[PDB]
Amino acid sequence: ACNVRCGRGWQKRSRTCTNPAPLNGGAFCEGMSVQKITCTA
Amino acid sequence: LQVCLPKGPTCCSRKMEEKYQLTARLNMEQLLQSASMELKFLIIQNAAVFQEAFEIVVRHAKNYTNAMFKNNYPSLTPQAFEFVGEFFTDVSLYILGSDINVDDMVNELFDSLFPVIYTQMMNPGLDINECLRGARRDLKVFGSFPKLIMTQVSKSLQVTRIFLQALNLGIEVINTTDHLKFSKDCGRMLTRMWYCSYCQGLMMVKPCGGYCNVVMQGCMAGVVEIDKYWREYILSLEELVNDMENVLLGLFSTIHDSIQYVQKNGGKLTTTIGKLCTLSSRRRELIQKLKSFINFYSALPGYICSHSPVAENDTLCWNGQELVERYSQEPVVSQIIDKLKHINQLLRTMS
Ligand SMILES: *[C@@H]1O[C@H](CO)[C@@H](O)[C@H](O)[C@H]1NC(C)=O
Ligand SMILES: *[C@@H]1O[C@H](CO)[C@@H](O)[C@H](O)[C@H]1NC(C)=O
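Here the protein sequences line up with chains A and B, keeping their order. One point on numbering: in my numbering, the residue at position 7 of the first sequence is 7, and numbering is uninterrupted. One point on numbering: in my numbering, the residue at position 91 of the second sequence is 91, and numbering is uninterrupted.
Same shape as in the complex, but just chain A:
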């Protein structure tokens, strides 16, 4: 939900590295983990 009631707000989308999670020194997930977009309420 947009944190700000009126004007510029925020919307987040999480992307975890768990399917599968790296083990025994596996290469970590490549790219970004969070997604943020500006919203107008």
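Be aware that one or more of the hints could be misleading.
Straight-line C-alpha distance at most 27 Å; calculated DSSO-like pairs for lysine-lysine [to be verified]:
| id | chain 1 | residue 1 | chain 2 | residue 2 |
| --- | --- | --- | --- | --- |
| 1 | B | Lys7 | B | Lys19 |
| 2 | B | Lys40 | A | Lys36 |
| 3 | B | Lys289 | A | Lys12 |
| 4 | B | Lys40 | A | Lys12 |
| 5 | B | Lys264 | B | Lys70 |
| 6 | B | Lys181 | B | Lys228 |
It is worth saying that the hints were derived from the structure and are not from the lab.
With chain A held as given, fit chain B with the ligands onto it using these hints.
Just chain B with the ligands now, kept in the frame of chain A:
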């Protein structure tokens, strides 16, 4: 038909039986997801928060080191910014599981730091750079400071790395639970328990509590075996929480004192070289909330039966094949147990 035991006639064909089987699959997956959702969201929240918090700590520590270099040693900038950025980049890379050598981070830091100290602070006035880099370690100009920082940061960074990997693997196994595919025999037994009553023309009849118990203890014989390893996982994580913010934030003071130490012997050093050349609160709340789910795998069949429509009284109920007055009476799980054993060994060793 291959599922619905035909005692009399039947109101459903083989295709309707397949539809009932797929709806049984979907209902089981939905029930498992509803059972696992609270714990999944708890661990996802905490994993995200700890990851962002560690990145914030590393960025702030790099910022403070850069600021103290800007203020106290302007002659070492802008080269100081490059090696500080490389050092803390390698720090973050180690935290996130990449193959980084901590001793090599510190050694490359001091190897890059010494030549600019010599050229700008000690002997004011590019090719001789490597001779200075060699003299750094050959003459032990920084004393015991490099090994002190090495142990100070390796000890915290390893526990943080393994904490993050443990959180992520817990997320992984909890996501696997509600996606656990079952045997075909269990598919047919669940179809009989939930839907095969409709094939016999019954509208609102529910299966017996005891029949649900035998079916669930039938297909969760493997899943319940995970409970020992999940309990050991919880307790080993509790062992680990009982660290990295303090160290990375005092790094700047330690480096400044090392620079003072090297400047202290400048007389002999210049001539010799000229000749030669709220976090703890979060992990506590996380462990106290995680200990409420230590019975997760042992209470799971009880959840499936107590949240599925069942006749608890075992009276006028469906027994999988007929309406009775009273009831008579691995591979993916192996992967879950493998990863739990691995992470549990890794946890216990940091203790
Ligand atoms: C570090 O802190 C100071 C505080 O005044 C700020 O001005 C500067 O932009 C910061 N630098 C970084 C790299 O965060
Ligand atoms: C589990 O990971 C899979 C990967 O596609 C994803 O589809 C699912 O939404 C995740 N689990 C939960 C229960 O949110």
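(Q) Are any of the numbered hints broken by this structure? If so, which, sorted upward? (A) Going through the list in order, the structure violates no hint and respects every one.
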